[PDB]
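Please build the complex by placing chains T and O on the supplied structure of chain G, with the hints as guidance.
Spelled out from the first residue to the last, the chains are:
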Amino acid sequence: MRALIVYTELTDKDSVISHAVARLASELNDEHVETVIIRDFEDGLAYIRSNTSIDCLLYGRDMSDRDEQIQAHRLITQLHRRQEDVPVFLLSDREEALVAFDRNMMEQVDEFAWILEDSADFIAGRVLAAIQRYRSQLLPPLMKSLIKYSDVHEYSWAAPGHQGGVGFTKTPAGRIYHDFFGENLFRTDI
Amino acid sequence: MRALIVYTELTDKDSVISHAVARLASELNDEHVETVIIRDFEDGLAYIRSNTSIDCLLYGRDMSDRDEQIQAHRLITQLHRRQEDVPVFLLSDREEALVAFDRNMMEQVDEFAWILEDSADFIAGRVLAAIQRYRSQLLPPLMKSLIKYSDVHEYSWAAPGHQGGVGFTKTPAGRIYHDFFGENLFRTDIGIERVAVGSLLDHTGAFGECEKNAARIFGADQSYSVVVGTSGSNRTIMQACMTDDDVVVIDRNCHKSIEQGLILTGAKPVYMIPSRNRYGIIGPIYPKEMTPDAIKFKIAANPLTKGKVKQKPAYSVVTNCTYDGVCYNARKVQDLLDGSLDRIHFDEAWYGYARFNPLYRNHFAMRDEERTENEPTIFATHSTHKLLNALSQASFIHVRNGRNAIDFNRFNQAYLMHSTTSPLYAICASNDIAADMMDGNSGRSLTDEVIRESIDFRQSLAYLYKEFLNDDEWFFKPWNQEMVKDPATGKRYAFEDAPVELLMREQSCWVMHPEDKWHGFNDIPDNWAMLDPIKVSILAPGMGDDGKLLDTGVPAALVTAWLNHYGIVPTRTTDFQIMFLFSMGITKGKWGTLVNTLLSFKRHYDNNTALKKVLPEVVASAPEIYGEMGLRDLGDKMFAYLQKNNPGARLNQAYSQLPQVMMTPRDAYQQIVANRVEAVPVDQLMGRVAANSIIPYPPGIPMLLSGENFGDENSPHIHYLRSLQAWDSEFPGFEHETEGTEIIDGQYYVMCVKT
Amino acid sequence: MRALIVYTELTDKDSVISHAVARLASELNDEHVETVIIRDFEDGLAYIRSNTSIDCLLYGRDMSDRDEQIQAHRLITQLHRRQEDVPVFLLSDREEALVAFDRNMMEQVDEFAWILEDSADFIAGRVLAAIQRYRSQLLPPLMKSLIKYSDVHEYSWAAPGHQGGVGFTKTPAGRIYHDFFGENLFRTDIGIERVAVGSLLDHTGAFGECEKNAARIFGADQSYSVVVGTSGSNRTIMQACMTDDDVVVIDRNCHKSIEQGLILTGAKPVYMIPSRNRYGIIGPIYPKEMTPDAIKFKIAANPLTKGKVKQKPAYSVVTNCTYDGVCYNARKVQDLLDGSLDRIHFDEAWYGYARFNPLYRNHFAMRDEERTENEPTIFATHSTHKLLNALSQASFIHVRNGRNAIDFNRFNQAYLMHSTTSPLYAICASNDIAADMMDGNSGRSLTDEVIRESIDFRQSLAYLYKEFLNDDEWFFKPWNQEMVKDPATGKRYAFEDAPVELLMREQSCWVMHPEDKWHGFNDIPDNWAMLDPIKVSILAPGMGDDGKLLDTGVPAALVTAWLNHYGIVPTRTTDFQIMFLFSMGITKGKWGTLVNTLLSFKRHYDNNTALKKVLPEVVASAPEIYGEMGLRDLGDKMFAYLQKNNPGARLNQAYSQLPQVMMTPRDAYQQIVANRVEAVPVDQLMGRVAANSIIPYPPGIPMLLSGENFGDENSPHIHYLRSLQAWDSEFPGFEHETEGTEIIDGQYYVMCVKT
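Residue numbers (the authors' numbering), protein chains in the order written: chain G, 1 to 190; chain T, 1 to 755; chain O, 1 to 755.
It should be emphasised that the hints constitute simulated quantities derived from the structure, not laboratory data. Heads up, a few of these hints could be off.
[As the list claims (entries may be wrong)] Derived DSS-like pairs (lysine-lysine); straight-line CA-CA distance at most 25 Å:
| no. | chain 1 | residue 1 | chain 2 | residue 2 |
| --- | --- | --- | --- | --- |
| 1 | O | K308 | T | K754 |
| 2 | O | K517 | O | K548 |
| 3 | T | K613 | G | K144 |
| 4 | O | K148 | G | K144 |
| 5 | T | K312 | O | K754 |
| 6 | T | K602 | T | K466 |
| 7 | T | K754 | O | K312 |
| 8 | T | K612 | G | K148 |
| 9 | O | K306 | O | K296 |
| 10 | T | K602 | T | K548 |
| 11 | O | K491 | O | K517 |
| 12 | T | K13 | G | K13 |
| 13 | G | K148 | O | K144 |
| 14 | T | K466 | T | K548 |
| 15 | T | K296 | T | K308 |
| 16 | G | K13 | T | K588 |
| 17 | T | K548 | T | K517 |
| 18 | G | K144 | T | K612 |
| 19 | T | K602 | T | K612 |
| 20 | T | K602 | G | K148 |
| 21 | O | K148 | G | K148 |
[Said to hold, decoys possible] Which residues of chain O face chain G? A partial, calculated answer using Cβ under 10 Å:
| no. | residue |
| --- | --- |
| 22 | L116 |
| 23 | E117 |
| 24 | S119 |
| 25 | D121 |
| 26 | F122 |
| 27 | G125 |
| 28 | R126 |
| 29 | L128 |
| 30 | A129 |
| 31 | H153 |
| 32 | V166 |
| 33 | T169 |
| 34 | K170 |
| 35 | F468 |
[To be verified] Simulated restraints, written as ranges between beta carbons of each label pair:
| no. | chain 1 | residue 1 | chain 2 | residue 2 | range |
| --- | --- | --- | --- | --- | --- |
| 36 | T | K613 | O | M105 | 26 to 36 Å |
| 37 | T | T77 | G | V36 | 32 to 42 Å |
| 38 | T | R216 | G | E95 | 33 to 43 Å |
| 39 | T | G208 | O | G339 | 28 to 38 Å |
| 40 | T | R216 | G | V36 | 49 to 59 Å |
Using N, Cα and C, we set each Cβ at its ideal position, and we do this for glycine too.
Extracted from the complex, chain G is given alone in its bound form:
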């Protein structure tokens, strides 16, 4: 689980939003969500264009700058090009977000995170729930069912004879072959 945080300047003084984001990142790391913190939308765009899996996007902008609004929309569109249903959290001061609220905002924002008046634990829990929801719909059906069944290791009394690759690990050459191709390939040959 990896969360990407892209915020530029939410408060007139940087330290407030920086400390709030640091607290949120600590709470996310305590629940085993890795966090990447980025201060510029072009840097975030470059990060997204690297084929790195992102499970959640949390972003905030100036909220009074239309250029940063365009940049944020570009970032979210780029993210959804290849990672289509990744949850997007808006990090913002509540009043600024509420005055900017409209249909176009909700077209790209899935959840609100009032970073300056909410506990980092509550936001981290909501982020984790969103990440789990996203991960549960990610795989296509056959691949999902095969992965789910692959954990079974019991000896069936039927073919194939290698029985999830166990048969190969009885001669040294078979063991080399089994280690080369890996266990999961043989455990899906069911």
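Just chains T and O now, kept in the frame of chain G:
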């Protein structure tokens, strides 16, 4: 122990104050006080608004800047909103603080710390002493005594048998259960024979202290903690109040525990009929039903009570607020009922927070008001687990003694009659912590947070509705005022454009005015009812303002199926109405998920997405019907069915006319005990007397009570039951719930008295 | 996951098997299975007898030694006593195991592990699969579903308001409370609207599964889980059974919930009077009170029921076992009452384990027996928190359908009438885990452990009593048989010399025989009653076998004060009797503390130690009286008072004669509701009707019920109340408890019906 240090610029050169603060922080850490150092008051405010426990605040400012003075005062006020008695230390140069010394300074400063001329060890010791003093007063009495006793681990030679959870740790399944629930839960299950804590049923010790504290906090003369919920509380109040030789005035919008009390007391009930609107939402009882002449007329017309027209009614019950958030003006209700009764019971099961926010002023039972000596006795029941923070089955009885009051010795008999001899002390502890949570500034702060969240959701939904309407599209709309008026300046706003402070402060922005069309309660008097902001109803399109359906619409059953598929479970639902609860357990900005879910439903509805892709569980009910069918196809099918059958008129007919009463509820139940009852299908209900209550959903309030006749062939009640059955047959997976019926092979059966 | 490896000598040279086992243990640790390696079967037995969870047993022996075979079988049987389905792997050389292969081997071996010719990885994988299979079947259904659902953390938009405990973590006191009780308790408080788990009141889902499982385990046709304790269970049973037009047969040794049921139903009660002994211990009802002629005579003699002599009684209740551990032969009681009634209710609140130990055979309600079709309907109520392992308020209703049975639809009305709409699921989960704990081998093993501990205490106390008697000194003695007879060989033993196996196996060692003097129930039939071993009564000296006091003695009130000072709180107490509870939560050898405390009391009593040194709390009551007074001085003062006043005769007079009945308990309570009651002092009680029940301690059972006359000047009941008041006045700090009275300035007041 955590100390928060907020200082900005105390010296012209930063290094002096920074080094002094560093020395103080080191000395505080050496005494195991964690320190958070913050250089800006806005950062400190953000830190305080995170629900982190702070045991001491040490702050310093420029001391010559009035803006920083205002900021520091704001920080301290914010801290004391939810952490009321946290000590505040002023860090300052001595001369600067002394020249600024006044009453206003001492109102917010508890101690002085001359950080530049005092040893950090002395200040750290004083801080630790202050923290210990603060921590020693933090817990409410029952919880404190339970925690203190929990350290005892010796085997008592008495019940409970598990002996602080030791008994569970003897089988593997017991060990898993014990590890899951934790040790402290079992170590507080100590029985009623430990004099260190006291006993709940005797109201002694910490239990007596907790009940006195709760009575003070909730503004009652006496309070009783209950471990059988508001069902139990209602039963004991009704048992203490009435007898089988009594006539009582019952809100027809009554919980089933009220009918249980009627069965257990044998009293003869007379009913006040609440109002209804075009959405099927049950509204308030109008004042025309509570007048002394109306009550005398009801008593004289009732078949069972017509020989008691000279007898003063012994008890009345009004549900406030209602299930859909309609709050009575309780002062006016009490004044109306004072002309006929000496005992008024307000069943405020969903309404426990009302005392602690000024928005609800005059709309609840235990008001801060000058009390005269000729008032009636007032009872209020709170389900502390519903909209306060308590475990299930926790409840309170609040009593204000007036005319014909019941003294403690008499009331205790009913209390014991509906209680248990072995209460679980965790439930009472949750009651105590809930009362403590509403005490002082914290109750106001928590109610404010919930109200603000609900208002943000309502305004956002209204804005989206207007946007979609401007694009000539449909959307959901919140059920509140369309336009609000500022009573000070006279300025009018659209609801979504109104300032949040105005909606949070002004009660008239939520009062049901007779000239407004939004609420739909025709002929309601002004300043009679009010909408609770935190019970948010949303309306699906399809119902016209006149009361008849439009040409197109989206039935709420399909939206409910969508929400259930996404895990959201509404509290109430009608044909076009979905109710969402905002509680003190909600987190800020959570309603964005609700808005997102509604928008995605609208997208899939406009796209006519196949039910197999979006709602597989709906398809799994009747795969031959819902297979190869889209979301909008099903929606239009349901709306066409509603247009053809018009079940709203059926509901109005069934609930505008009361059923004929044949016997008291106790007599009907004793027919059950005597085995003189049978299961009767709906088509054979004509002339039959129901053995138990029939509560259809919607509207969720009883259509028939025990001992009431179903009526002849043209009876609206049998017609409404038939309508619900027909809907269930036509739409599998969207079946209505009806308490008091048995559904065999999809057919309704009702237990009726054998003729 | 923990695997236990027990191997002694598999190969002629130890290093081969040791290295193979080391490789296997390394492979098991690499898959996160902890391993305990033991080289001796006695060490493995000791390890198993420690309550440590074992997920798999891998063992090997010599395979040519029959002694090691017996030891291994013993080890596996011991393991499955409390860990029933743990997989067992046989570690062996292949040929040795194959030559020893038979049915008896396969009865205890689940899998083979050829440790000397198989890879440790293959065996480790098979062990892990077996462990996972075992763990997946370990939990009972409701607990399993609750644990599975507990991982959900999303904000539902419905009650409870705390939303999995989030609401508590918003004030500092709430955070302390939340951390104390832990997260999992609040995350299981989910409400009745989560279909993944089901609903308790609808008996659907995991709740239906749990109730079916409990009915199977306890041998009932149907079982109901109750969250209002046995008080609630008794109320719902009585509400389902009787009506105000009914006559009922009530054990005079009844809990106050039985009288509450009488008040709530309005039935007319007739009473069976239990027996008493010289110590004031209430004994069983004799068969002469349950015969059809006796019941007809009681009905014909009762002032209220004499117009119902042709009516079959609708309900009877018998408390079994009693508070002092007297257990009826329930088969004989049922056969006696079958001639008059169709419904028998056994209130087994203290008697829930009885089904699971053969020592209690035929002495409980839900017996494993061939059932005919003409049996009466049997109800049994268990307080699962009393002598089973459950949280307070957990209870069960068990039904065996017979004549005039109540079907589910009719019974559910009473069940809902005495329940709450928001049950706390932790209580139901505790009920489910208690039922699971009694299931299979574990119930027998746990009851055996408790019974053996109680027998060890009884025998040690009897031995010490004999030793002190031989030294012509006084001591406490257990209340059981002095001499026991072995029914097989005919050999007689003194109780302290009897083999423990005989006392644990033979029921006749605990039956009350009419020829024995220990129990003191004169004219009791043989094979009628039986003593529960785990309810241990000890007798202080002072009472003669004839029924009159001796020249000297030690009153039990002083011993009770001593025990309270040391933290031990007895369950019951009379003038010379102290009752101690042995429960499944006791640990082995704990009764040594009790013996030590009694010995130290005897030392300080013989030394006449000043009460200030030993019992400062006693002195703090009346420092002018107890100051400068010794332990033996106070004891002799109390004994002289008892000798002069003889309150035991007062108790016998008060309880041998029943008070005159003036009205039903419901009528008396409705006098309270009508405010027609007053507080009356004891000296003015002549001719007055009690408004509530009077329960003096001793004997702890009601002397008067509601609606019963106190009597004239010479009434024994007023005399007994006066005796208790006089004792309270003479000995501050040793005051009797009397439910149903108010003590103002040390004077007794009783609520009575205004004439």
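We went through each hint and held it up to the structure:
1. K308/O / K754/T: Roughly 24 Å separates the two Cα atoms, so the pair holds.
2. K517/O / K548/O: holds, 14 Å
3. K613/T / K144/G: Between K613/T and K144/G the Cα gap is close to 17 Å, so the pair holds against 25 Å.
4. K148/O / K144/G: With Cα atoms ~21 Å apart, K148/O and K144/G stay inside 25 Å; holds.
5. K312/T / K754/O: holds, 22 Å
6. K602/T / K466/T: holds, 15 Å
7. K754/T / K312/O: Roughly 22 Å between the alpha carbons, so the hint for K754/T and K312/O holds.
8. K612/T / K148/G: Within the cut-off at roughly 23 Å; holds.
9. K306/O / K296/O: The hint holds at about 10 Å.
10. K602/T / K548/T: It holds: about 23 Å lies between the C-alpha atoms, which stays within 25 Å.
11. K491/O / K517/O: holds, 20 Å
12. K13/T / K13/G: holds, 21 Å
13. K148/G / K144/O: holds, 21 Å
14. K466/T / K548/T: Holds. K466/T to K548/T sits at ~22 Å (cutoff 25 Å).
15. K296/T / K308/T: holds, 10 Å
16. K13/G / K588/T: holds, 23 Å
17. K548/T / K517/T: holds, 14 Å
18. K144/G / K612/T: Holds - the C-alpha atoms of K612/T and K144/G are around 19 Å apart, at most 25 Å.
19. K602/T / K612/T: Judged against 25 Å, a Cα distance of about 17 Å means the pair holds.
20. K602/T / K148/G: violated, 34 Å
21. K148/O / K148/G: Within the cut-off at roughly 18 Å; holds.
22. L116: violated, 17 Å
23. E117: At about 13 Å, which exceeds the 10 Å cut-off, the nearest Cβ of chain G leaves the hint on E117/O violated.
24. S119: The hint holds - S119/O has a Cβ within 10 Å of chain G, the shortest such distance being about 8 Å.
25. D121: It holds, given that the least Cβ distance between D121/O and chain G is near 8 Å, below 10 Å.
26. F122: holds, 8 Å
27. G125: Nearest chain G Cβ about 6 Å off; hint holds.
28. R126: Since chain G brings a Cβ to about 9 Å from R126/O, closer than 10 Å, the hint holds.
29. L128: Given a least distance of 8 Å, the restraint on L128/O holds.
30. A129: Status holds, d = 6 Å.
31. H153: Check passed: Cβ of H153/O comes within 6 Å of chain G, closer than 10 Å.
32. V166: Cβ of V166/O sits 7 Å from chain G, so the hint holds.
33. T169: Status holds, d = 8 Å.
34. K170: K170/O check passes; min Cβ-Cβ to chain G is 9 Å, inside 10 Å.
35. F468: violated, 64 Å
36. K613/T / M105/O: 26 to 36 Å: violated, 56 Å
37. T77/T / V36/G: 32 to 42 Å: holds, 37 Å
38. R216/T / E95/G: 33 to 43 Å: holds, 37 Å
39. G208/T / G339/O: 28 to 38 Å: For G339/O against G208/T, whose Cβ atoms are near 50 Å apart, the range 28 to 38 Å is violated.
40. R216/T / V36/G: 49 to 59 Å: holds, 52 Å
The structure does not agree with the numbered hints 20, 22, 23, 35, 36, 39 stated previously, though it agrees with the rest.
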